[PDB]
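Form deposited in one PDB entry, single chain, as structure tokens, below.
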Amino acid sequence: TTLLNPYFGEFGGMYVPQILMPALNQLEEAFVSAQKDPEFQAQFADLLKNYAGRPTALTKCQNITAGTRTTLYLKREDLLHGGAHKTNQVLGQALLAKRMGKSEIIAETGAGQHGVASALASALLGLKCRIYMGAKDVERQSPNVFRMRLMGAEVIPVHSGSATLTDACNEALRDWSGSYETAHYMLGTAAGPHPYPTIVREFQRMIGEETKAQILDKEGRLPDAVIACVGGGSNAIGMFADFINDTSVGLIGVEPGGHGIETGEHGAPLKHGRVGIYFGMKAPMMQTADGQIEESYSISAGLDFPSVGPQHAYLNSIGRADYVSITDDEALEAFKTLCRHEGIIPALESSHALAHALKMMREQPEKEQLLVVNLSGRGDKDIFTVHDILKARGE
């Protein structure tokens, strides 16, 4: 029994070992109570404004749309403390842990952005934080690993199986299986078992709420579409949520196409995978014909996750949101274009969303359209990756 519906249509659920169900029920009840608590909301609002820096700017990009009838705004989650939207919801979950009387934080991370976000929130709020990260990812993300440890967090490489995100996901749930009485599991995206897809959405929905207020102030109308990259789905659902009942506003999620959908080396399970049950949820997955969870692929580490949040699968199924993919090369061209013509260095994750907006503009340049891209993070973390590609390419 739960207080809230664990499913979005047929997607979602609570597919965890029985031993973890009391932890999820506790978390659901604490969340439901906190959402009715003006004291909790005020503390969350205080941290978001005075510590993280909200509201974030909404930037009109004039140079990149010149000569077309597209107006393009970027919602600047790259300016949030920590450098990405991940910071929003870890502050809320850290307050939820304290509401429950918990003193320790467990977190998983692939790219390191959510782990850095979890470590900074725990340092600020006095929580002891431990972060699981696939050993492969520890090796390629030495900067973010050092950031986490500077903030007092314990970073634990996971040599299980593939030694990547999903195995870090596994060891986090393994740990929480025995420690949930004192520790809260701070999941990093809008996926996993209920109540996490719901909590993460509500603790990211200021993205879309601010965007709506800002576009109404600047343009006098709602956007024609809002566009966001989709790894697990947290920045996208944060941008989408306040527009879901504005049925004139298109909701476009961009999955990583990697080397090309036809190559199989991609991260686009929503449109090109198959529904399965893993990581506590029923959701589209990258999986073998035999039902083993496959490895995804993307140039951007933050999108390299073989599933997707269940609310996205549901919004797709009913036709409310449309999902597309963008390849490595398209994302790289969008990265360069924003650097050179707007002076903003975007995360390679966010560059997937920008690339699709640039496609919408370039394919139909006399179509009048007002677009907002969720600029989910800054791309300082990506300059070494881009440098190595650019000069291995010749340019």
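Positions refer to the first chain, counted from 1. The term rigid core refers to the most C-alpha atoms you can superpose between the two forms while keeping them within 1.5 Å. What changes on going to the form deposited in another entry:
- Comparing C-alpha positions between the two forms after a rigid core fit, one residue in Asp322, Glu139, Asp246, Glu294 moves 2 angstroms or more. It is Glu139.
- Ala163 shows a C-alpha shift of 2 Å or greater between the two forms [criterion: core-superposed Cα displacement of 2 Å].
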The other form holds:
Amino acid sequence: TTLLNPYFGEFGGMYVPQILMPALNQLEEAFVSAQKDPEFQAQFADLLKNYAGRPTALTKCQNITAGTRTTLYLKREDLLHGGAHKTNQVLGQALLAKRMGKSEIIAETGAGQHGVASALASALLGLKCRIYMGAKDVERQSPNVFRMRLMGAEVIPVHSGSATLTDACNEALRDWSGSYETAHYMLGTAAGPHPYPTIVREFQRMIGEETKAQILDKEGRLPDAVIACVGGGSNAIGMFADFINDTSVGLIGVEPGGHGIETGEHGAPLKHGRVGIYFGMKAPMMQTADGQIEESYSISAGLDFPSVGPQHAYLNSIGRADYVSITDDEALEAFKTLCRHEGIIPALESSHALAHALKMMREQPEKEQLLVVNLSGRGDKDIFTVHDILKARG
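Any chance you could show the form deposited in another entry after that form deposited in one PDB entry?
No partners, no molecules, just the chain.
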């Protein structure tokens, strides 16, 4: 049995081989106990503030919303140590691994930001860490491979399947299923089997909590909507969580549309796939008619995953959150716009969320709205990718 509900409505669960159930129950118990331990919370807070640099800025864009009644703020997770929001929950999971007595870490990564975060946290806290990365993503996110290597982590390129995030995830779990007495699997997003979706949300909720406190201080009211890109769902649930009971606040999740939904080359199973069971959870999947898990596609490695965390499927199902998609080309234009008009170089992942907020502004420019975009990371890892595209155009 479990201490906490493993499902969000129909979505979620623990679909792993029986061998891994003691590992999941152990982690769940460690989490529940740690959330009650003021000494674990103080240590977590200490790392977040003094090591990662929280709280992050909330930046008001004045140039990009000119001539419109949109006020746009960016939650600056790009300024966090490591360059993205991934760092937040990795500090918490590293403390949990140590609370359990574990000594090794396994992790999967696509945009390499979660791998970088797992490697830096393991180096700080004295854990031996190994990261699985898809050989395609080794290439398109290569600044992060050597960052990982520099920090004492072992990086394992994954040539299976699409050689992207989902293939890394499969090797990660295969490995954990034969390492778990000593290693903790530091899953990088709010997906996978229970308790990961719950843990990852609680270890990222400071995104939404700070945003709430900061907008009230600056604007005296809640935002009309908060907007985040949705890979597995960690930064968006971290932004959403503290607003879920504020029913006036729209929660907008942005899936990668890739080359266009109609092409089939996208990463939007929440709206364009079908519920399936894979990676330990019941959740929307991109899949063939006869149940084979399909390959996803995004220009952004960090969104190039063919499922989504179960809490997002549930928030969608009851109407509490709305999900949309943004294509590669839209995400590229949003990247350029932020660089040239706000002097922030955003991750191509976050650029999807920016691109949707700009669409909300442009489509209805006399509508009064206060929007927050979760700027989930910086785009240094993307500049070569973006270079090669812009040069092939002009």
